[PDB]
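Visitor: For reference, the chains in residue letters:
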Amino acid sequence: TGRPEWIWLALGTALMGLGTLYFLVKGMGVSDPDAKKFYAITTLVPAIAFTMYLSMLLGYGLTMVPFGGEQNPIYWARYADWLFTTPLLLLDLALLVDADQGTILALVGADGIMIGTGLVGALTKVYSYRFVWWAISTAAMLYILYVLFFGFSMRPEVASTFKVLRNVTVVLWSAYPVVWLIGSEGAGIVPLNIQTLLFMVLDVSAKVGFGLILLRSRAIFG
Amino acid sequence: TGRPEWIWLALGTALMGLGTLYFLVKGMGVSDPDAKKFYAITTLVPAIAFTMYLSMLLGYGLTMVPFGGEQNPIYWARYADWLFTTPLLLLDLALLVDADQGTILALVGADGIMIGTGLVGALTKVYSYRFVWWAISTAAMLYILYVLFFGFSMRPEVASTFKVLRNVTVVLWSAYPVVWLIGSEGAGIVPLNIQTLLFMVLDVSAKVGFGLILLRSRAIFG
Amino acid sequence: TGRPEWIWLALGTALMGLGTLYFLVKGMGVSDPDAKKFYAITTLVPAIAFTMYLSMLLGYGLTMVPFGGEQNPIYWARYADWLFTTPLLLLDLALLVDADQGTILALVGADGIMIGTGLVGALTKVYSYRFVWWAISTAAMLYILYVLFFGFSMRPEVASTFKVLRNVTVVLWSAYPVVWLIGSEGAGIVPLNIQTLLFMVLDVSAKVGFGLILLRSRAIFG
Ligand SMILES: CC(C)CCCCCCCCCCCC[C@@H](C)CCCCCCCC(C)C
Ligand SMILES: CC(C)CCCCCCCCCCCC[C@@H](C)CCCCCCCC(C)C
Ligand SMILES: CC(C)CCCCCCCCCCCC[C@@H](C)CCCCCCCC(C)C
Ligand SMILES: *C\C=C(C)/C=C/C=C(C)/C=C/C1=C(C)CCCC1(C)C
Ligand SMILES: *C\C=C(C)/C=C/C=C(C)/C=C/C1=C(C)CCCC1(C)C
Ligand SMILES: *C\C=C(C)/C=C/C=C(C)/C=C/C1=C(C)CCCC1(C)C
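Chains A, A' and A'' are the protein sequences, given in the same order. A prime marks a further copy of an entry chain. Letter by letter, the first sequence follows residues 5 to 156, 162 to 231 of PDB author numbering. Letter by letter, the second sequence follows residues 5 to 156, 162 to 231 of PDB author numbering. Letter by letter, the third sequence follows residues 5 to 156, 162 to 231 of PDB author numbering.
To be clear, the hints were calculated from the coordinates, so they are not data collected in a lab. One or more of the hints may lead you astray.
When chains are identical, the list treats them as one kind, so a pair holds in a single copy or across two.
[To be verified] Derived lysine to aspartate or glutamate pairs resembling DMTMM-like cross-links, with alpha carbons at most 20 Å apart:
(1) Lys40 x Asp102
(2) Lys129 x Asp36
(3) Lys30 x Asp104
(4) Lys172 x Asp102
This is chain A alone, in the form it adopts within the complex:
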């Protein structure tokens, strides 16, 4: 179509779709109660992203936001996607390390604030304020990464896989506030099609790649 970013949305849609079907088939047969939780989460996440990418592709998950005296196309559906997939993702890490519930609630709450304020920032019409919400969102992100890095005796296999996905999480999650800032959502330093491309690549990395790593570990089996 007329939206140059469509190809990234179509590609994103296809890969989340393919990832969902992979994990869906991959998850067949799994009877270990613990393995099943990781499979459920890891299958659900790209299943949601699939529907959210398709809504952006079809034009539903997009709105227009006035700021800078300009009409800025804001794919709100990315935030809806993140609002559900990032706590699931954290759930993966919490179950991994048998996190305390209080810590999980801390993380999921901080996460909802993270996406919620990033959405608010994305939809805020007063340009300067966009970055106040960015800053607060980023602070919630930093809290989360802090908890994950310096909070989260497990078996060596758990500790081992946790360290991998933990380092993946930091680099990956940290890229999102940077893509937003430089992208058409924030400072408009990079145009929307490039920004969509970037977020697509991070999302598929976070929602299929991350799952491929997790589900490759015996750490998910009790």
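Given chain A's structure and the hints, the job is docking chains A' and A'' with the ligands onto it.
Guide: The following block gives chains A' and A'' with the ligands in isolation, referenced to the frame of chain A:
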């Protein structure tokens, strides 16, 4: 009023209301921890539907959607209703069979995708796309029914009641994608008042009738 | 700014902000699994309110609602705030008394109906109907307070702290339906700036003061 479907919304409102009060009174005295969960769920579900039916009756839970070059009255509040009551309903069946958490998360997630994409379909302005979302929603439904049918040793009483409500669930839930397709939401083969009538009858069946069956079983008691 | 209520929104923002940082620092070091849940909740609640107060201060968490032939400024973000903080608050009391899950689900469900119908009331354009939703919301509140008062052997310390926060909860929560009724949201007997002032004072009392009392108790430690 001027909306011919009002009587079905008024009737739906009254019966969910009456059902809530019934289960509320019925639930008094129940001290068994397990029985209390089934009562909580089974009381909450029509309590929510009551508020959602009343919002449709009063005109709040309704929006207008352009497609087919027509202004289509979409009772979005039915989806809000379903978004909360159908996982509760699944919760009833999961607790029944002592489902694994991973399986519950699978089900609740698939359920949210089911209602979420059905809502998206209901609000989609490009007519053809309405049915893409229908198809995806229906696929999530089929997944759920698959899990419930061929996934979900329990006591004979549990197995017995599970089989009943399971068969009820399949026929009942399966009717919804058919009513949407033929109704003014989808192909416009049946007009809105008839479609509302149909959904009211299914909702009261799913939100009061189903609860009457469940709460009639000793299966809910530990 | 031009909104006379801003100072109450700015003050509310500052105090929820200060409260969050206090509990955040206060919560450092806590390793007791149980204490951590109370800290997580009690820190998250004003963290959310902080973001919600700031959204009202900046003008994002506000919409205009036609009724009485007037344009009524409705701070929808207060309801978003409440929708998340009041179940957390109930969670605090449930964990306190080791509530049955069925009872918690009952409470959280009734709570969502409470805020959900109060939001619907706040956004309802037919003036009379505003109070039908108020009445239903209030009935859900009364249910909750009923459960908390005459439903919720614990150690004397638990029973002791529960009784305090329980009495706090009744007086505090009960003030909200009164402030809405007399405030510009309901009968317009008290103007919006006064109404905002009132809700700010209740919110800080409920979201920082209540937490200061809870976190002051050894009842939160296993
Ligand atoms: C361990 C196995 C079986 C791996 C195969 C993965 C297949 C699943 C579906 C396709 C997507 C997954 C690949 C993960 C890679 C990412 C981090 C990002 C790649 C995105 C872009 C397309 C190029 C890569 C492909 C492998 C599709
Ligand atoms: C087991 C007992 C006590 C049963 C009595 C149920 C009473 C509760 C409130 C009213 C509604 C419930 C009836 C369930 C029946 C449905 C499947 C659908 C009937 C809807 C339409 C009205 C006609 C039936 C009535 C019984 C109200
Ligand atoms: C037990 C200790 C350390 C108490 C100190 C609390 C400090 C935290 C942040 C500021 C707010 C908290 C005070 C709670 C009081 C309320 C019930 C309402 C007071 C609101 C208005 C401002 C005046 C009071 C202040 C103490 C800020
Ligand atoms: C899809 C899955 C994941 C891992 C996405 C991660 C999302 C974030 C870490 C987003 C963070 C944001 C911040 C910190 C500030 C700007 C707004 C964002 C929501 C993009
Ligand atoms: C109220 C309670 C229940 C049991 C309602 C069930 C709802 C569904 C099974 C709805 C399914 C839909 C699908 C499959 C596709 C069209 C959109 C719907 C959301 C109606
Ligand atoms: C912020 C924290 C808390 C304790 C707020 C409590 C909120 C309520 C008890 C609100 C109740 C309402 C009712 C009963 C009817 C009018 C609408 C309200 C949502 C204000």
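Visitor: Which of the listed hints are not met by the structure?
Guide: 2
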